[PDB]
Amino acid sequence: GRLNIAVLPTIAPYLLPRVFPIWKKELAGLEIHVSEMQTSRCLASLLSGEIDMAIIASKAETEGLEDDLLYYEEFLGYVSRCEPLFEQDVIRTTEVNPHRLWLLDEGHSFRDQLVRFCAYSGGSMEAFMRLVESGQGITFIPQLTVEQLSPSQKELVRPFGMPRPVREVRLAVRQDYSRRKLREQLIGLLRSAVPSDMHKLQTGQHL
Amino acid sequence: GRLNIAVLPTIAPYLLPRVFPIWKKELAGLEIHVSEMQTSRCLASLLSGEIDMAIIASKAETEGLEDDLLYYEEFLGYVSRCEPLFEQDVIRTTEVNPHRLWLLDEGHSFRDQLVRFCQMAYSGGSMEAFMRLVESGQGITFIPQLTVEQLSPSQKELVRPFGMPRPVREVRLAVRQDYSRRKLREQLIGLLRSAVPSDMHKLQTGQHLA
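Which chain is which? The protein sequence lines are A and B, in order. Positions 91 to 208, 219 to 307 (UniProt numbering) are the ones given, in order, by the first sequence. Positions 91 to 210, 219 to 308 (UniProt numbering) are the ones given, in order, by the second sequence.
So here's chain A without its partners, still in its complex pose:
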């Protein structure tokens, strides 16, 4: 059997290094092909039958499509040494200068969700991060990247103040996805690839 799984561009770099070795082991001999695509293409590709499963960061909200919770993940500030905020320890929404702020394009759920809760187009998170580490402005990253960060990269992280926003990362498939056993096991491996505390919302956190 072959398995076609899409993943968001803002999830893949941080989740995939973790799940690859688990897949390798618990799903031995299953040939899996991974594809990065934004959310709407994911929904569209599930429906068309191009992909089997989708790791996205919201509820599908469309007939034919069902999604299960996998884990919650916070939004974290990434602040350059020459910003006034650098000297504070948590991000203050109100003090953030929007002319010095790197945001992804509309259509990335990561950006859509952050703008609700609270110069350079087409940007990647890689680009924004490199800019901040060299003194240029502020961007936002997902919690799961800090574990990949060097100790001096870690010095630039600033969490939000309570209430701290989280996005929910979910697995999506077609309602009548024929392979109900595979789908459940996966929900099992993916949830297993991240810390257990993330499996549950927490006081101070709110979607």
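No lab work stands behind these hints: they were computed from the structure. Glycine included, C-beta positions come from ideal geometry on N, C-alpha and C. Treat each hint with caution, since some may be false.
Claimed, not checked - Mimicking BS3-like on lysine-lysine, the simulated pairs with C-alpha atoms at most 30 angstroms apart in a straight line are:
| # | chain 1 | residue 1 | chain 2 | residue 2 |
| --- | --- | --- | --- | --- |
| 1 | B | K281 | B | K114 |
| 2 | B | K254 | A | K254 |
| 3 | A | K149 | A | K281 |
| 4 | A | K300 | A | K149 |
| 5 | A | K114 | B | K254 |
| 6 | B | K281 | B | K254 |
| 7 | A | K254 | B | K281 |
| 8 | B | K281 | B | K300 |
| 9 | B | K300 | B | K149 |
What the hints assert, rightly or not - With the Cβ distance kept under 8 angstroms, some of the chain B side facing chain A (calculated, not the full set):
| # | residue |
| --- | --- |
| 10 | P103 |
| 11 | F110 |
| 12 | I112 |
| 13 | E126 |
What the hints assert, rightly or not - Which chain B residues face chain A? A few, computed with CB under 7 angstroms, are given here:
| # | residue |
| --- | --- |
| 14 | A102 |
| 15 | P107 |
| 16 | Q209 |
| 17 | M210 |
| 18 | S221 |
| 19 | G223 |
| 20 | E226 |
| 21 | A227 |
| 22 | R230 |
| 23 | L231 |
| 24 | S250 |
| 25 | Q302 |
Got chain A sorted already, so can you dock chain B onto it with the hints?
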């Protein structure tokens, strides 16, 4: 009015941080808008007036455009501590295990040029994801030379160069031939050139243009 400039995604994260503050000091009061795009799109955007300049990794070679050299840039290997090839000090493309190799999709000139010149699971992947995977001990990927000055000491341990001849690409600034602000254009060329080590300005012994 303002400058609309496009930039390859295989260039922006490594070059934009160097040039940004030099653009501020020297071109004060000039409002710049940067957009990340792949090569074909840069070209069609110049022709159609959507952007004014594009920083690409080849000669435009299209009716109506022209371009100037900015610098040369090696392709580099990025090898995880678990791969067989990690023991070697130079990488050979012909020995790379294809099942443990991450590559950008066709249409990304960084992959298209490498594959052609060197005559050599995961689609739609980003350079960031490929590097994260390699750091975690999984596979091999290729990186542009200018990214090394952003790498920690531990990350640098994974870099492996090619053996002679080493392949480089040329980074160039393309515009419309009828382009208006011809002064702003030579200023920029200077600023961009000054944003990279002087060794990259000319083709060095042992480098061949891919």
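Now the hints, each set against the structure:
{"no.": "1", "hint": "B:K281 - B:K114", "result": "holds (17 angstroms)"}
{"no.": "2", "hint": "B:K254 - A:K254", "result": "holds (19 angstroms)"}
{"no.": "3", "hint": "A:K149 - A:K281", "result": "holds (21 angstroms)"}
{"no.": "4", "hint": "A:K300 - A:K149", "result": "holds (17 angstroms)"}
{"no.": "5", "hint": "A:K114 - B:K254", "result": "holds (27 angstroms)"}
{"no.": "6", "hint": "B:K281 - B:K254", "result": "violated (40 angstroms)"}
{"no.": "7", "hint": "A:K254 - B:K281", "result": "violated (42 angstroms)"}
{"no.": "8", "hint": "B:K281 - B:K300", "result": "holds (24 angstroms)"}
{"no.": "9", "hint": "B:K300 - B:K149", "result": "holds (16 angstroms)"}
{"no.": "10", "hint": "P103", "result": "holds (4 angstroms)"}
{"no.": "11", "hint": "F110", "result": "holds (6 angstroms)"}
{"no.": "12", "hint": "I112", "result": "violated (12 angstroms)"}
{"no.": "13", "hint": "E126", "result": "holds (3 angstroms)"}
{"no.": "14", "hint": "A102", "result": "holds (5 angstroms)"}
{"no.": "15", "hint": "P107", "result": "holds (4 angstroms)"}
{"no.": "16", "hint": "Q209", "result": "violated (25 angstroms)"}
{"no.": "17", "hint": "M210", "result": "violated (20 angstroms)"}
{"no.": "18", "hint": "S221", "result": "holds (5 angstroms)"}
{"no.": "19", "hint": "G223", "result": "holds (6 angstroms)"}
{"no.": "20", "hint": "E226", "result": "holds (4 angstroms)"}
{"no.": "21", "hint": "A227", "result": "holds (4 angstroms)"}
{"no.": "22", "hint": "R230", "result": "holds (5 angstroms)"}
{"no.": "23", "hint": "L231", "result": "holds (5 angstroms)"}
{"no.": "24", "hint": "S250", "result": "holds (5 angstroms)"}
{"no.": "25", "hint": "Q302", "result": "violated (25 angstroms)"}
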